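Just one chain is shown here, as structure tokens, and it is the form deposited in one PDB entry.
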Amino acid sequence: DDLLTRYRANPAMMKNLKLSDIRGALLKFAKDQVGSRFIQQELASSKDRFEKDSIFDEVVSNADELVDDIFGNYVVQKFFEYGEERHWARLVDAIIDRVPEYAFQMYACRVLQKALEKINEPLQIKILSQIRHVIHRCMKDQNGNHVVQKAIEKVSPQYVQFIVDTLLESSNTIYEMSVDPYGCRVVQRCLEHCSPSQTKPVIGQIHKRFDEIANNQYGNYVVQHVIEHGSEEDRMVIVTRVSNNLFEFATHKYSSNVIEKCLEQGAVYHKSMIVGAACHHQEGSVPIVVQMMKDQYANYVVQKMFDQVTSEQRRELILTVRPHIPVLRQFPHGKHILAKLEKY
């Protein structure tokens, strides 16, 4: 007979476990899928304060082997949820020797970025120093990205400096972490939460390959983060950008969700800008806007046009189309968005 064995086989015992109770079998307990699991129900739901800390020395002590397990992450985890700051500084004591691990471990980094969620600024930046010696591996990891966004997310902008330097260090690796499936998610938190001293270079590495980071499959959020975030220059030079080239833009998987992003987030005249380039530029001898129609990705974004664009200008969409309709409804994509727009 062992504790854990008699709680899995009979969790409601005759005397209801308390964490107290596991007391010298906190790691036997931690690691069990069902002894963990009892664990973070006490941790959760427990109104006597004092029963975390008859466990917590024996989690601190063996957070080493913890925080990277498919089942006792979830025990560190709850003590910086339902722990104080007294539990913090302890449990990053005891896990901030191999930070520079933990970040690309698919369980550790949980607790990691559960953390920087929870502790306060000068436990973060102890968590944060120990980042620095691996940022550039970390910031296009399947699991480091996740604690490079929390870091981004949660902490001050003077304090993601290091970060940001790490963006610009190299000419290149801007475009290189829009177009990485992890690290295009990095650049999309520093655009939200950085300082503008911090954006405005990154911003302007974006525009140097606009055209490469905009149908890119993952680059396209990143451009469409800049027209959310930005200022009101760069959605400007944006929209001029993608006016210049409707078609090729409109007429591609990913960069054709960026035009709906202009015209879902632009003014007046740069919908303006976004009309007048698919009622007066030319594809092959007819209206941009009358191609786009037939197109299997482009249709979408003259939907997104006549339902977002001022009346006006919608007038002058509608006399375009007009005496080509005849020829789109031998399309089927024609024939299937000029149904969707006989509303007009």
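Think of the rigid core as the biggest set of C-alphas that the two forms share within 1.5 Å after superposition. Positions refer to the first chain, counted from 1. First, how it differs from the form deposited in another entry.
Once the core is superposed between these two forms, every option in 51, 58, 69, 316 stays below 2 Å in C-alpha shift except 51. When the rigid core is held fixed, the Cα atom of residue 17 travels 2 angstroms or more between these two forms. Superposition of the core reveals a Cα shift of 2 Å or more for residue 82 between these two forms.
Relative to the superposed core, residue 284 undergoes a C-alpha shift of no less than 2 Å between these two forms.
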The other form holds:
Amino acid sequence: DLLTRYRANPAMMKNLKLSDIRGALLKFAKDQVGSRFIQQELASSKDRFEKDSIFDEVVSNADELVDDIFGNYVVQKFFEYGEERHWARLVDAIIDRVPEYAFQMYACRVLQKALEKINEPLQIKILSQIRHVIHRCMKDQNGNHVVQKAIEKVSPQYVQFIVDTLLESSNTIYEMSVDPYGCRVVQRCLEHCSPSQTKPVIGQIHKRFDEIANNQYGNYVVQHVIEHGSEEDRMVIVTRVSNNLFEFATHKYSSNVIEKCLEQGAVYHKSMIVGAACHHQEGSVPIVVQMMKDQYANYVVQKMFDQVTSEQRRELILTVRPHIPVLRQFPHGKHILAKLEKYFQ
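Since we've got the form deposited in one PDB entry here, give me the form deposited in another entry too.
The next block holds one chain only.
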């Protein structure tokens, strides 16, 4: 009834302390008002022993609190930097049900905060439970954040088991790249793993490149390869893009992949794309012109002009300079050449 009292007149118990909660800790932590009370005390208190007073109750009730809408914040308090002395004890209170906690919307925030804060030995202890559920966890609306946090905050060698999951079967990298949650995992791996680790992952992506490039999620995976891959990877992608410039530029998702080449590419990469754009193609219109008539590829043409050298832009201008009035009437064509007005003055 301490909670019921305190909820009634909060001002009347302005001298309430953490050490006063004792057995009431479970009831407080699962209450909107009471959990805000614990939290504000934990953050404002400068008494190490007041903070310690509730910790035995937090540990005793860990399982009931980690996935409570209000209690999860109370558990997270003991994973913060002022609480090292409690990390090992708190990890051990939750370690055995980590494989379930990773899928739960409140408990997974506790796992993310622990990985965010605790030392590498304890991280590895937590990862050892993730091992059991890792493939399903990567695709999960909750679990993918726990995996993303592991990749960002643990040294590369201790997440090799996550890379071998991305590589467990022929189709796994495709399956993850096209998944709305698994694709974030591929992306962090590209950002944080060693080249030893990323090289097979990028190799797998390349095998089904066209598909992944035009997927509503895979196109970000390909964009991360462009940004974080090797020179040789960029050349493979630019070479594929250049040789199918029209197909890539006219589809919704893959058109962002060309734009990404045009941003992260060296002068000689851009020259391959400008060259394909301006190629004769026998009697048909040059690809750059056709692209300007397209709903997605006109943004690609605009990005070409913004990113290439003056010498490269000169070839685009000498290729588009006849076909203009035709383009003026085409759907939104008035707008498209308006934005290119600068370069035709």
